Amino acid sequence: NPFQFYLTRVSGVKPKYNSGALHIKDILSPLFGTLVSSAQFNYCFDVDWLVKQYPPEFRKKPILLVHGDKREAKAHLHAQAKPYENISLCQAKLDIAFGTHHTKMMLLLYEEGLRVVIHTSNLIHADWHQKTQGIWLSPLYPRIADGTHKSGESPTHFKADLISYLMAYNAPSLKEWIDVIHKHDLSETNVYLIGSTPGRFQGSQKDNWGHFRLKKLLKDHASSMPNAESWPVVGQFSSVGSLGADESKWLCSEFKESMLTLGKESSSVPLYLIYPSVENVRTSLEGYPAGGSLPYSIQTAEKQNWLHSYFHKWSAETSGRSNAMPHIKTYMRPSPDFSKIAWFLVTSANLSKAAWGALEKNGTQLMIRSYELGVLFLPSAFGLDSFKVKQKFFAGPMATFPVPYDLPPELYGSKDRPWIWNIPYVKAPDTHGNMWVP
């Protein structure tokens, strides 16, 4: 495969469903490269656990933790890291209220080159144990020889775009990583970077981030096909923000409109949203505790009941993962019979305005609250018009894209409800024998 899209290993599926999955210990293994230093961008960290995932021989190499914690939360993270003198921290600035540092990325500097890993998991044991999570593994990028002047740039502009994403932090530890990236050749990269950073973007910057970045890439590097209005949009996520009083406020006005863009010329497009039901969570490998990583609150949900008529169950027989609750987030554009896709995105971004951006100032400004990061797979970047959908995720005819859950998505039944984490479920016990009492 050219795609280098992986799921994380799941404890409690048959070996055939972990063949070609990756655990964090595999990503950090000496087989992937001889580690010199690393940067871990994330939201949540268990530092004691994290250090143990590195090979023993690499555990004293410098590690930078890039986080967004403030006040007592920041103090707690510093206290976690203080025993490890090789660990440095970078607090990403969050100058708009209610934003988070949500990006999940590893920068892995080796004796042999550089690797970038953009993924969906927090750095805690539970996120790598029984969840469905997604990973994009970059190629091993070689160093550009000193005295050689070359760009090291890919046709997708990934090198400059990654440097642009890091430059937005205005952080000295990350300028050091920018200088590392400048010294490497990233020209083999076949994915497009889609980041969000906090800010209010106008004019020459509105297309840099969030859903306007997606829109721009789709305008420039995808083409429209006949009957495009029949090609659905699928969004798949593990958290839901406050989207407004009806679908016209954000979801089906600006967000869907970006997602349905194809090509450069100027809606009945079906919108599928995949989000675990209560029954998905109850019968999951983790049971109700899976719902601690699905933080949809009743205060939010009761303001937007209109949204749940878009919701489809989690189902992943294709990857043996129907009972491994999703923390991956994905967005894609399948054909009307779901046999092909026009593009696929794996990202940290959930279904929220904070992550994707909301237009302000009479549509002239895009405001984003958070840091997010994902990679976009476009057929044109592979010499193709569309991707075939892989019938079985771990099977083997490889310009076929490995979609990790089942198509078509299945609508909630009349008795299903979205998982809402702060109300009790005491009607039926979970796979461990327990109820859920927040």
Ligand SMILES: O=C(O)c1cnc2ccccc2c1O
Second form
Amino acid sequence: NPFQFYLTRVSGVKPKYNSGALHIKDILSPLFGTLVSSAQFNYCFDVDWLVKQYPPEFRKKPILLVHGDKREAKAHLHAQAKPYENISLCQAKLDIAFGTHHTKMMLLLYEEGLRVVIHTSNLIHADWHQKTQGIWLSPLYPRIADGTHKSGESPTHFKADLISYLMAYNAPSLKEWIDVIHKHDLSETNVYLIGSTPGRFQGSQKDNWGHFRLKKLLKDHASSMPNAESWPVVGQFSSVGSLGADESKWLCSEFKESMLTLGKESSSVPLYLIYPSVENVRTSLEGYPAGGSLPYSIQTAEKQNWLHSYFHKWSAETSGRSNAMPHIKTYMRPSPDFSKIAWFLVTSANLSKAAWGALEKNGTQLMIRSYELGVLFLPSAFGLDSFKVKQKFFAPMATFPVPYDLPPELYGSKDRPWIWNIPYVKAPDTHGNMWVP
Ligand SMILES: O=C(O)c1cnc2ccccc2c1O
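If the structure you just shared is the form deposited without 4-hydroxyquinoline-3-carboxylic acid (GJP), then what does the corresponding form deposited with 4-hydroxyquinoline-3-carboxylic acid (GJP) bound look like?
What follows is the entire complex, opening with the chain shown before.
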């Protein structure tokens, strides 16, 4: 297949639903390359667990942990890594209030070349055990011969765009990784990078990040079709930020507007949001503890009950993962009958202004609080007008593997969105327990 989009292995489904999946031990295996060093960008780390996922022969190679922790959290992470002399840390600057470093990425430097992995899992046991998570695997990028002058650039501009993302950190340990990338040929890359970095962007920088970056790519590299207003937008996420008192404040004004862009020309488009219900979480493989990774607070939720009429249940029979709660985040544009899609995005970005950006200063400035990263699949980058949706995720190799069921199913009248900081004591979970925060 040309897409190299994978799900993580799930303990407890039948072998047929893990055949095409990847565990972290598979990604770091010597079959993927002879490791010289690596960088792990993430949010949450269990360093003891992480080192055990590298092959024994590679466990002393240098590792850089890129994180956003401060003060006592930062002290804790340093204490976790100190036992391992080969581990260095890079604290991503977070100069805007309430920002987070959410990007999940591996840079893997080999004897044989370089690989980039952009994914959705934290580096802790539970994120790779029974959740639905997404992975994009780059090709093996060869080194450019010393003395040769070539760009090593792809038609999607991936090499320059990844360097730009890393340069935004202004960090010495990542300048070294920038120099590594400069030395490699990334021309085979067929995805576009979509990142978020913290800051306030105007003018020439407005289109660099967040939902304006998505808008720009859709304007430049996708085509509008007749009856485009009938092609829905689907967003699928594991948490929700404060979006405002009604849909006109951000969700349907600037976010949806970016997401419905197609082509260069100048809304009734249906918007489906997929987010686990309480019943989804209760009957999941993990039980209520899955809700520890779906951090929608009651304080936020009670100010935006209007939003929940957009919510659709998690259902993933296509990949055997209806009971594996989602920590993947995806956004896509299906056709009215859900048989095709105009594009697909897998990312760390949840449904929040912090991640995607919010316009300020009379519409002239895009303010982002967080680091996020994802990759965008556009048919034009594969010589196509659209992607056909693969009917079974693990079953004409140009069909795109959507990991959950279409069409999405609306919440029933008795369903409620999972809200993590209130109790659920009406019915027990798959392990026999209630939820008492
Ligand atoms: O992976 C992330 O981006 C993330 C960030 N904050 C989180 C906060 C609470 C529970 C899970 C979280 C999470 O899974």
